[PDB]
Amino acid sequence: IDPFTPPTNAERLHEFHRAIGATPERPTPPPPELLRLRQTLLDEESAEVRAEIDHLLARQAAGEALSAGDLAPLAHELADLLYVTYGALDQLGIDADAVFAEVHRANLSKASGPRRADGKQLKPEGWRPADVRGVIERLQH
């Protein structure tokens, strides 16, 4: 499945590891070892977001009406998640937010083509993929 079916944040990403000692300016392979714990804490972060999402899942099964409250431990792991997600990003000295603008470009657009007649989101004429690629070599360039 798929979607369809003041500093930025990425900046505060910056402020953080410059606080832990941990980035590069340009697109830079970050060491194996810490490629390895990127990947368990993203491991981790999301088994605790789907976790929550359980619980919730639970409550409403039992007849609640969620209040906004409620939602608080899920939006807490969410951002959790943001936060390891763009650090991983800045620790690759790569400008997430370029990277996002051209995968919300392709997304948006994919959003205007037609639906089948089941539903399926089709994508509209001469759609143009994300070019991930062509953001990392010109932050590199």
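Positions refer to the first chain, counted from 1. Here, rigid core means the biggest group of C-alpha atoms that superpose within 1.5 Å across both forms. What changes on going to the form deposited in another entry:
- 115 is the only residue from 115, 36, 59, 105 whose Cα shifts by 2 Å or more between the two forms, the rigid core being superposed.
- Taking the rigid core as fixed, one finds a CA shift for residue 127 of 2 Å or more between the two forms.
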Given for the second form:
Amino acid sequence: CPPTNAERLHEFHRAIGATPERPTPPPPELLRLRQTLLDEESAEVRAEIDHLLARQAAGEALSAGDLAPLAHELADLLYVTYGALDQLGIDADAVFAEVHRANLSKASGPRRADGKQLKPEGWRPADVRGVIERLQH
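What I would like now is the form deposited in another entry, since the data block earlier showed the form deposited in one PDB entry; can you produce it?
This part shows the chain on its own.
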């Protein structure tokens, strides 16, 4: 069992001499900081997606290597998203596992015109409250 990306963030925060082991209500300034970071990386991802679409619209063919800047920015977005969960003292893997379980159960649902998977009749959402509760004991 190698380290997860969530565990990596925990390692990173310690390394920079900075997070709780259990779910911990944050100060307002912490929430505002995490929002700022999400917005910054999100904007950089958007810029790269826009640029790839623009090159395609121009009639250019994309190589695999052309995807590097987008992949970098998506990983940066992962980094700050995991970063937020870690600062809240929330095990991202525990939450993600439950979100995943409920996502799997969408398979019989219809699809949106753009390709988004939608929810079938009778679908039940992930119980993330339940995850937070057992993480805090």
